[PDB]
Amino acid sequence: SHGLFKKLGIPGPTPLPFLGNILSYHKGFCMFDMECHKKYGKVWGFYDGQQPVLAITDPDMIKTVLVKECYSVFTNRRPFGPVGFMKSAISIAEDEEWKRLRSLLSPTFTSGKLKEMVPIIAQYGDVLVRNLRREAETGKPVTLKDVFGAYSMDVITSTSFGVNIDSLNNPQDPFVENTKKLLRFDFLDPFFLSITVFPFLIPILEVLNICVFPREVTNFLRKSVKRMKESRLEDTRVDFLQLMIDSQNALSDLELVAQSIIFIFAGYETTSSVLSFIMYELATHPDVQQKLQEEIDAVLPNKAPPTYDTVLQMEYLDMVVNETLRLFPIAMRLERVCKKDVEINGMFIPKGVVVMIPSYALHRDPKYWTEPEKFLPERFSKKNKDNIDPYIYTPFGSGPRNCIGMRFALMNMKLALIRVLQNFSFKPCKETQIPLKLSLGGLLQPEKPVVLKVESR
């Protein structure tokens, strides 16, 4: 296996027996991707254990695997460990299975359904400002992840299940406590390092009922979803939950739970993380924060409530969101398994190979971005906008397998940002880590929580 890239004429770091190039992930795989792009150029290959991983950076080639040949050859993501029943979760499912889950869940975020959620989200936006104002009162340092996380949990559960768990008023909320423990992918943990280097273990762990997701956490989610499912079949809004309930009358019970777990995690974890990164960038760039507040005041004079339409009018807010996602992409890498031998744009790719798009590296690539390490919202303005390649910058992925919650995530975060900024200003304090350093974990997260001071306007 370790002689594949050598044989095909593809550059790459020399692999070690059994480990492949996995030890290079000691200072984060993003740095590894950066160094490989600089050292080897437009394409290179490395090995995760025995698994060949081909990294591509050419726009047209990226478009070919993410869009053109999605259903035909690059249909699924890389298997990543024992998943138990979560094998049915849409993001983990493959081929035809994934195809039906996709069409089934697709109606969830139509433009019409998104608009209906605005007032629902607003209730939580109001509680968010209230909680933050308390922090502004005491003047104590604020851990963004907690407050923004509770807001995110409340929003995803209400809009998806029509149930208000009121996380914004219950700090030890079991939903957040459990969800934040759902997946702690860490290469320093022997379990995750082992299954990544030796995939043959996966089948064995599945028999043993050993899962990457803690049994205690999934049990909790399973019970929680059942409860909410009941409250709906017993009471006298077509939402995520309804869509799945309707299918049952070919979706099985655990299967419905599997999708629910994906939505809860994405709505809570992924959303609150990006909000934290955005507020960090705003606190360390007062001119950007000041300028953003002015746009909001101009569009919504005297703290007027935001609306679906006015959210879309805010050009700078959108430039700020996009720029933060460029520097801190939750998708540090995008991947597709090559499920059959094929050539694309002049390059041959053997079956079984994992094709990887080093997003984090491409976003900081000194060919497409001047001053790549700088937070400059202007690069996304109408003027410079069209000069950004649609396949170099894909924070939500692209093609048939892209983020199904993209429009909801952008709308929800923007609603939060608006309410918060039309009431407060965030400033860095003593507990604020600057520069901000990312953890080496599998998911996009800073090493120490982002802490900031909130001041009332």
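If you superpose the two forms and keep the largest set of C-alpha atoms that fall within 1.5 Å, you have the rigid core. Numbering follows the first chain given and starts at 1. First, how it differs from the form deposited in another entry.
No residue in 220, 316, 369, 360 other than 220 shows a CA shift of 2 angstroms or more between the two forms after fitting the rigid core. Superposition of the core reveals a Cα shift of less than 2 Å for residue 12 between the two forms. Once you line up the core between the two forms, the Cα of residue 172 ends up 2 Å or more from where it was. Once the rigid core is overlaid between the two forms, residue 380 does not reach a Cα shift of 2 Å, moving by less than that.
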The other form holds:
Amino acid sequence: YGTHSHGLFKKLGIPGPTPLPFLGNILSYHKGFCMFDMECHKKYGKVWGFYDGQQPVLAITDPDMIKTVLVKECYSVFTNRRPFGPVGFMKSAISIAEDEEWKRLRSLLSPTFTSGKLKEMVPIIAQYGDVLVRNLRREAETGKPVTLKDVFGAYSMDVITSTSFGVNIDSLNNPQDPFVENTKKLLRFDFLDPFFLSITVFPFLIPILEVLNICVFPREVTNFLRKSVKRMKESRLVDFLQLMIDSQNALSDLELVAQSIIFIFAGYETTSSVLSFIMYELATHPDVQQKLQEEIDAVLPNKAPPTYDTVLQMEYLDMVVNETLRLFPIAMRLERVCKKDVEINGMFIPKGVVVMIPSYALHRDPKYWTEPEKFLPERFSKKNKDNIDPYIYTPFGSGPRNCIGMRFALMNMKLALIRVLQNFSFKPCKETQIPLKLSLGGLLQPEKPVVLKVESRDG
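Since the one above is the form deposited in one PDB entry, can you give the form deposited in another entry too?
We keep it simple here and write out only the one chain, dropping partners and molecules.
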């Protein structure tokens, strides 16, 4: 034994790279998820199959299917995601929860994300828009080429703490010692790490790990937020902990601690990561930074504070964020487990298989997109947009199980653009790598941290 599911795609009839005995196709991840997705797409068309060890992954590319599974069949057959490693009590974090515990948690926290409560958090978020620039200032002063993900990470931290726990620190490399270093440690998993590679060939190793209590969210940090939450509950006799406590807090109590940790996870390094790309695009395109920078002066006259409405009422900003997201869809892949045998717009799909949508690949897909390689915002203006197909462009997923934090993500990032642009300009310096080159790991990240010249707009 060792090639269990390896007959499935030759049978059923789907093309794809032919699996090694124990490894499946994992050896093709030397380029990363993105590059591996591009090629299978080219070299196989619109459906293809591969094996992560002995897990069969079926990538689909037709919008109709991609909508059947993401939308039309969510609660039906494609409800859950792929288990990925020893997850401990975090098994109750919504993004990890399965089937019925999921829908429960989903409608239960979704009220916690509605607009208007977005409205309310804004003054809190803007407050670190201020902090960010008071900080971003000094680094431009010194004349030194600022590392983006450091100023942005901090802001993201600042905004997570404040909106998630009503803890207002200026982490931002200042009070960098209280509550900051556990949070700092909540980074995206790299699923091409040797650790995760091992657990994909030997998934029989997850339960063992589970036993030794070896969890993939580090215990140091989980103890802390778990402790730190509980002490906050009592004291309280806007803020995500707030909105949950009020949320009838059934809705379990030490299941609340799982949400808190997972919101930080999903939002920390993603927000600060996208913000970096956006500032890279706005240099190598100085023209766009200006077109955007003027729009901002137009909507709020010299330095005026950004606002829930000041924001939504900025067509060009919305274009720049959206175009950055196309090039760099942080998740790279949407992905869904098949709960049962089902038919789906043509092809049979057998129970057990993982259905995979190639976000990043569809976003650079010479079909739907012309000069797909190019940062040009105009793709998303009132004319040229909305003949672009959702289910193709999906940087936040789609359907019952999409990014619950999308609005908050966008809002948060814009308030940060505003403050920064309406106050700065950004210029390739010595180190600035041009073009881009993505990491060939399992994260959709720069490879060599983006560093830029920050230059105060007159002072």
